[PDB]
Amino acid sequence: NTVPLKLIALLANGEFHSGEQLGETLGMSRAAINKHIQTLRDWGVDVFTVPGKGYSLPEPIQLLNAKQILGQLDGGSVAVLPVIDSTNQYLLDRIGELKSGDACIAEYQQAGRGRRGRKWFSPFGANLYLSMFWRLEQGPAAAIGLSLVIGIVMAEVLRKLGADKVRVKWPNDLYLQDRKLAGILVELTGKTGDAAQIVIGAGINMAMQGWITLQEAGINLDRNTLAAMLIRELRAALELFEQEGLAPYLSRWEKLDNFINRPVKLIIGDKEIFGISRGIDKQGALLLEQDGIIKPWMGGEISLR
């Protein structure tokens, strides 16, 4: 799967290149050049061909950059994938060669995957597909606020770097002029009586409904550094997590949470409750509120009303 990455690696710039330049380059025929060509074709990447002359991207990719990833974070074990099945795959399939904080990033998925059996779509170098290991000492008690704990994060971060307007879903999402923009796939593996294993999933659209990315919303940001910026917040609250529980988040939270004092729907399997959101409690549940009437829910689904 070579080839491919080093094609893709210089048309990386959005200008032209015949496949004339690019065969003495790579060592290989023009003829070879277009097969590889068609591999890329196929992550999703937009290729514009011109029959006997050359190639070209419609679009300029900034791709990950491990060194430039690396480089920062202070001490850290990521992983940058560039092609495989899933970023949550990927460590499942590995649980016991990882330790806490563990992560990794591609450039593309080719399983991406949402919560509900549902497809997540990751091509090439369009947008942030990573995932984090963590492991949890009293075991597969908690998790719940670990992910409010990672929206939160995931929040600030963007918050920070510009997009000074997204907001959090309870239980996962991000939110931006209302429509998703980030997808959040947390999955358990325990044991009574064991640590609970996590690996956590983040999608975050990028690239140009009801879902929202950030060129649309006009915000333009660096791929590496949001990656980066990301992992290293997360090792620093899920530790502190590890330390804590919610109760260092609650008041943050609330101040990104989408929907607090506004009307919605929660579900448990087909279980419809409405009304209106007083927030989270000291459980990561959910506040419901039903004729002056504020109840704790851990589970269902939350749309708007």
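By rigid core we mean the largest C-alpha set that fits within 1.5 Å across both forms. Positions refer to the first chain, counted from 1. First, how it differs from the form deposited in another entry.
- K53 is the only residue from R41, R262, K53, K255 whose Cα shifts by 2 Å or more between these two forms, the rigid core being superposed.
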Contents of the next structure:
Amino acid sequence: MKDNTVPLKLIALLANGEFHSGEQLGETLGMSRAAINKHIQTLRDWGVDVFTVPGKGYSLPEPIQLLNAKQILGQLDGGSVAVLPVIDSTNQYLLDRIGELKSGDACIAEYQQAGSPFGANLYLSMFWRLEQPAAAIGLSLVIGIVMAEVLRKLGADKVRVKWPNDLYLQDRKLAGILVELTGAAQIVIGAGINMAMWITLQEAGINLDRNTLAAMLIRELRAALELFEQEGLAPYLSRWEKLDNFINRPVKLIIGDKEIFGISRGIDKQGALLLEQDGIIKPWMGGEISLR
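The form deposited in another entry is what I need now, so please give it after the form deposited in one PDB entry.
Since only the chain itself is given, any partners or molecules it might have are not part of what comes next.
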């Protein structure tokens, strides 16, 4: 894989949001001001905002945070966790290593070359092997709960879930989850949170430490999945209820070509959407919910 140490090392230098000159950078990095100039371009290539001013140098319109493996692993117990601020995709990374992983192994990033600028979002993926493809929708629901739960704990109180895989805030999307199965069912979960700049944590006054958020999520996700793996959904049913962004609200459910109108009533014990239409209530196992 490509080596991005310098740019990173560099972005780290500039991170404080102040001004720094090539001379300045060069000596700390031990290299020509010509090189620096070269690495600045990269940053630029990653969506990073690095302003330049003649008799002044370079700086960032805003100080920032960077994943820091140390910190993260410092607050975790066991299991591999690959912290790669820069990567193609968190999911593929895992996908490609299906044979060397274990349930719980993870991968974290703040920029995906594959696909959104460096640091705007938090990416996380985790691997898990269920004893039996018995979950899925179940699974996705659990992931939203936890994540919503975790965010709340750090203070983003109005975070809610959107069946069956998004997180919402003020009726806008803040995060998305994805689940992928592999032909013992091998799964790779992935999620992306909108940290900073559809809505974002910053956008709404919340300013979390990303390393801690990463830490908790992994911890928490790992706990929840093993709970899932043996009790299924039962233990979340009530939790889902308190978080449902749309429960008892009129929604529109697009299922294929079909645009179906109704009132959300939550989910069933199987994680199915309960849609009530004209005094009738039925469970739907797929579709895209939207506000109507």
